[PDB]
Amino acid sequence: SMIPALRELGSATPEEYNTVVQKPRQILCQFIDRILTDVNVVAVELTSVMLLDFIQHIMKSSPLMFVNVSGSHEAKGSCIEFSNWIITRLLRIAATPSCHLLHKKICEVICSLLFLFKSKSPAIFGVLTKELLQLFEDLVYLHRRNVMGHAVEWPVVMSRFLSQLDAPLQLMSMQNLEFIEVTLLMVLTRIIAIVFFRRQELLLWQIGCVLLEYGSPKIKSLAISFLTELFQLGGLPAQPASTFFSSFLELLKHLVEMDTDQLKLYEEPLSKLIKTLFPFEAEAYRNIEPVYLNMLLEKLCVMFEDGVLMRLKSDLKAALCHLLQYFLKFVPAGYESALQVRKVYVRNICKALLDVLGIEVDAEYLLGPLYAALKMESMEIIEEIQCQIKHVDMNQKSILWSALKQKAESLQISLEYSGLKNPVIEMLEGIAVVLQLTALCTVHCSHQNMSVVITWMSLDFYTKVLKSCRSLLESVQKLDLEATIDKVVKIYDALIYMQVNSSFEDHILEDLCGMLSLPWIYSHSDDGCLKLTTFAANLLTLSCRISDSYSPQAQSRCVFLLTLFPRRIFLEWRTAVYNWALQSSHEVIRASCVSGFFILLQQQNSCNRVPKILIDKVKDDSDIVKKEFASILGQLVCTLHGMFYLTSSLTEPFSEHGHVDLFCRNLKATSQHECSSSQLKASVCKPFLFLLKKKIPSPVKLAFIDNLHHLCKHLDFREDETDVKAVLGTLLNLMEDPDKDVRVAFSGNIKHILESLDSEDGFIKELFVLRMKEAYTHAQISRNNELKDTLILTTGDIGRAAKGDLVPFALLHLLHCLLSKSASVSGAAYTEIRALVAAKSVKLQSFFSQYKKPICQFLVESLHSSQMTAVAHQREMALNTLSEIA
Amino acid sequence: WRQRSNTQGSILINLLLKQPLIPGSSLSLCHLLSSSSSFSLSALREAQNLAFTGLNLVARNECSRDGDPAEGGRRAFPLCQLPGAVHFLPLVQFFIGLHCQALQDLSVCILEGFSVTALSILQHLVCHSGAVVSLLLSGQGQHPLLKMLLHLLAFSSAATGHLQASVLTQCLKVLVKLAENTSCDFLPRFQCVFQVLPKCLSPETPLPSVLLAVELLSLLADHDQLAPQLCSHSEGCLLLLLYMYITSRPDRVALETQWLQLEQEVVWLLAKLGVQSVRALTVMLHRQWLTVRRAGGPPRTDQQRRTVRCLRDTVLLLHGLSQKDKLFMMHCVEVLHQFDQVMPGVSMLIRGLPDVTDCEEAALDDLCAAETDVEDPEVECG
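Chains B and D supply the protein sequences, listed in that same order.
Reading the first sequence from the start, the letters are residues 10 to 55, 64 to 183, 192 to 341, 343 to 414, 451 to 512, 529 to 948, 964 to 979 in the deposited numbering.
Reading the second sequence from the start, the letters are residues 301 to 337, 369 to 437, 467 to 499, 533 to 670, 687 to 791 in the deposited numbering.
Keep in mind the hints are simulated off the structure, nothing from the lab.
Hints may be right or wrong, so weigh each one.
As the list claims (entries may be wrong) - Not everything, but these chain B residues come out facing chain D in the computed CB check (under 8 Å): (1) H74; (2) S136; (3) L159; (4) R161; (5) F222; (6) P242; (7) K243; (8) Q264; (9) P265; (10) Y310; (11) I313; (12) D801; (13) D815; (14) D819; (15) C895.
Heads up, the beta-carbon is just placed ideally off N, CA and C, and yes, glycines get one too.
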């Protein structure tokens, strides 16, 4: 409140400034006391929140008030003591449960306080952090007395941060204790970034560890999040790793015998700790000792013996399955334990995985585990048939694959016997699991995917499943009709993945075509080929059942699959289904149908130009369809060159976006990449370059960015001088596109565009000259330096990717910037030139020799402009330019 | 909490009885007893029996139980007393004595592989007993193994080779372990071992030894008397070598992930140097900012996340030095262009991080070097 003192703070000399700043400190302390006279003032309702906000505000406005910048060691001790008084007030607030419930600003005050005491002087920061760590040590020692059965001493003053301002840290319950632990864990998570000192961090490890070993579930979660923050920086020291992994094992064991909300309150920190301690990146196992992870392995083993997947409540189960993945594929077999011990481990594992596969509602977090296991099985089978041609069967070689077959056939025969007596959603779920694992293995495990002829599940089983899902489309009473047909189309996508690895017989293929066209056939029942096709006369009724109830996402799925069929079967029918789904309102069906048609067109005919309907789709915005369209046209530029041929790539699910559908969508389409096919006079880019334009929203331009390398490697720049010149002018409009991330994206892209350019001609060089010139004029017009930075990074990119004649251009296009006075252009573009002369495999000075004539002419012109706009001033500015060029 | 992790809280006999902790050489311990190879089977079999007895002891050792209330002291994470590894110490003492005798003369090489396996053994030992490390430090030539491992550090400081190159790494491991396992009072007696670190600070030492040395420097600077003594050197207060290692980048096979570990350890050490009270900071910020700015969003990979946090605490250290000392600005003029381009970039990038600090953010608002220019002549450009 003493505003005059708060203003004269700076004018006062420090020796008495300390007194005249203690005075407003004492007034604010009186403001605290009028609240902190009684610990139970009125209520918390969650008044004092405005008081805490005013404290934070006085602090932001007057940082020098709370601590002097001149140090003044004695006054430094005084302000330390005053901050300690404030800390005691807020800590005795945090001890009372209701008042602790006000933690939101209760952090903010001391959190920012330590921030600012660090910013002003690091020594004060270290002292205050050591004080807070002593308090935390006292707290965890109290909890150790609790867990060890000692005399607990419930009533304790615990005078920490004590002061003589002229401060009880009262504790009467485990709730008071755990709540001061809440506040401590929060402030520690906030301050962990700077308190990392390679020794103090070990103390933090120990204290958070002993807190994790015994504490309330919410305290457990907060400590679990603190431990994540710790591991994210210092890895894991071997010393606390013992207690940490012991606490981890006991927590895992408890997880089964945990209440629902008790799980929920630490679910996400637990999963974060899994992902952090077990990252996807390989070599992550080298950080931790193999006996540690071996006991972790046996722990996960006995957990799966408990059937945790069924016994637990929350599927976010996904974390433990991701941990299982970490073990299996990232960590080699034979490092933690022996390969036989790890083998029997994963044997019990996959058996429990089968038992839970029998009954599950969703399979995403389970299918990946099975894929990894069967993948390693495939690899070891390939190794033991290293060169033997040999026809091999994993239903015989893999006991796991045989058990998978047993599960599949058992669920399918239970279906056939009675679909009503079984969990139609979950039985069909498991059937889908095994089937799309098979198909994933069909396209991945097999030796043709990396001499060995594998035999997967037979096709008679597949047509048995076809008849089964037909009977389901019959026998449902259409309860939900939504989730069930979603499962059926999952089975369908599994089948079509099996076909994209190896095509089917044309009649069973037709059966599949009809299975996918059955939905909304009653929306398009009246066209030419509607009566010519043979599946309609039998689907009619079950399709009448699915007329409007069919979900639009499932429409997307089935239309995509129908497009993925070869052109030899009902080509015009695929055309018709697309045209019906061409301009429909829903975003998902539009995206899927266009992503199917970018192959369906070349399937039909005219594999040289974009269809007029796809041009209309260029015009129609539906911007999300436009970004997925930018991606699928980055694909179209190849499948319009190749003969609509897709490539069966690996595409292991290294990132699962929850429900992963349309595996063929994740599968790539290739070109034949012949010399005639690869070249293309643009003829399609005009709508593409329209999509490039700045008025088009930025994310679709970013998808175009992503596709840029592909679409230029499939584009010819040999002829059509002015047309290819306009294509390049649009490539540089992409540089003038307002978003800066798109600009640096185009820089990294032109890095490859230059080599994709078959031969750097003269006219394109002059186009670059003039376009980058006008870009620089526009940038200096805006006076915004971000434009100059994006442009100079583009110059360095094009220089590193330059031919003989372009490198002096880009070299001088940054040299003038550096010449005037620009500083960023040096440490960016000059370093790019250094990397380039490393790519030129020459000395930077010898490189200067080959371009010393343009360089010297440009230093000539810099000195000309300097001498003409203006002696000692000329000398100093010329020497500045010379030292920069130096 | 009843088993007390006796098995983990022990020597980790599972670890002690495990395939070579070091990469290769396929050892395990009595394989060495099977290996009849302080120069005789005399006292060799004595140390072997002492080590086997100590192993049986640690197997039967339950020093800490149900929560370990006995382990007390200022040293956080006091492991346990564990008198068992004491009896294991004579074996590594004898093997490292043989190793030091094989090093002092201009011999055989297998003893050096046995030596580095013994160093890994020591690392395991000091990893799990506070009483063990306390006697290691306490016992002038006290505990001749300590003086002879210092002599090994000196022997490896020159004429590196490959075996001694590994000796550097494992000995730095065990020292930083012994250092970190010791309380503040033991740092004054750790000063004798600290006197050897300047030779490990020579521009020759490889990156793993370098980062372990920086960890040791941090552990020593946690002491209030060891930090000024270490800063009492000649070249740059013993930190000139460290800073020029940042800028020099001596190794190209060393992955920039390991370089980033080195950088984070260095900046945390210097931050501690601040709490107990430019060229290199700028060049590492240059490299890291190039790497992060080439990416258009938050680091999805963990290595680049650590890189971003390195940017965070590096600009923290930068603003700390500038507010502490105003010579920072003309210590910057020689690198002013790098600085004026990294500072705005890294500050915008950390603004891209949703979490805030308001201290590092106050640092951003304090430095905020912008636009690096006035304008460039558009005439005769490019």
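task = Grab the minimum C-beta distance from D801(B) to chain D and call the hint holds if it beats 8 Å, violated otherwise.
result = violated, 25 Å
Hint status (Cβ of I313(B) to nearest Cβ of chain D, threshold 8 Å) = Nearest chain D Cβ about 12 Å off; hint violated.
query = Hint check: is the beta carbon of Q264(B) less than 8 Å from a beta carbon of chain D?
reply = holds, 5 Å
request  = Using Cβ atoms only, decide whether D815(B) comes closer than 8 Å to chain D, and label the hint accordingly.
outcome  = violated, 13 Å
key: Hint check, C895(B) versus chain D [nearest Cβ-Cβ separation less than 8 Å]   = holds, 4 Å
request  = Mind checking the CB of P265(B) against every CB in chain D and telling me if the closest is under 8 Å?
outcome  = With Cβ-Cβ at 6 Å, under 8 Å, it holds.
inquiry  = Given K243(B) as an interface hint, is its Cβ closer than 8 Å to any Cβ of chain D?
reply    = violated, 19 Å
query = Is the hint on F222(B) kept, meaning its closest Cβ partner in chain D is under 8 Å away?
reply = This hint holds: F222(B) lies near chain D, its Cβ roughly 4 Å from the closest one there, short of 8 Å.
inquiry  = Hint validation: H74(B) versus chain D, beta carbon distance must be below 8 Å. Holds or violated?
reply    = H74(B) check fails; min Cβ-Cβ to chain D is 13 Å, beyond 8 Å.
Interface hint for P242(B), Cβ within 8 Å of any Cβ on chain D = Violated: closest Cβ of chain D sits about 16 Å from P242(B), beyond 8 Å.
message = Less than 8 Å between beta-carbons is the criterion; does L159(B) satisfy it with respect to chain D?
response = violated, 12 Å
ask   = Is the shortest C-beta separation between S136(B) and chain D less than 8 Å?
value = holds, 5 Å
The structure is inconsistent with the numbered hints 1, 3, 6, 7, 10, 11, 12 and 13, although it conforms to all the rest.
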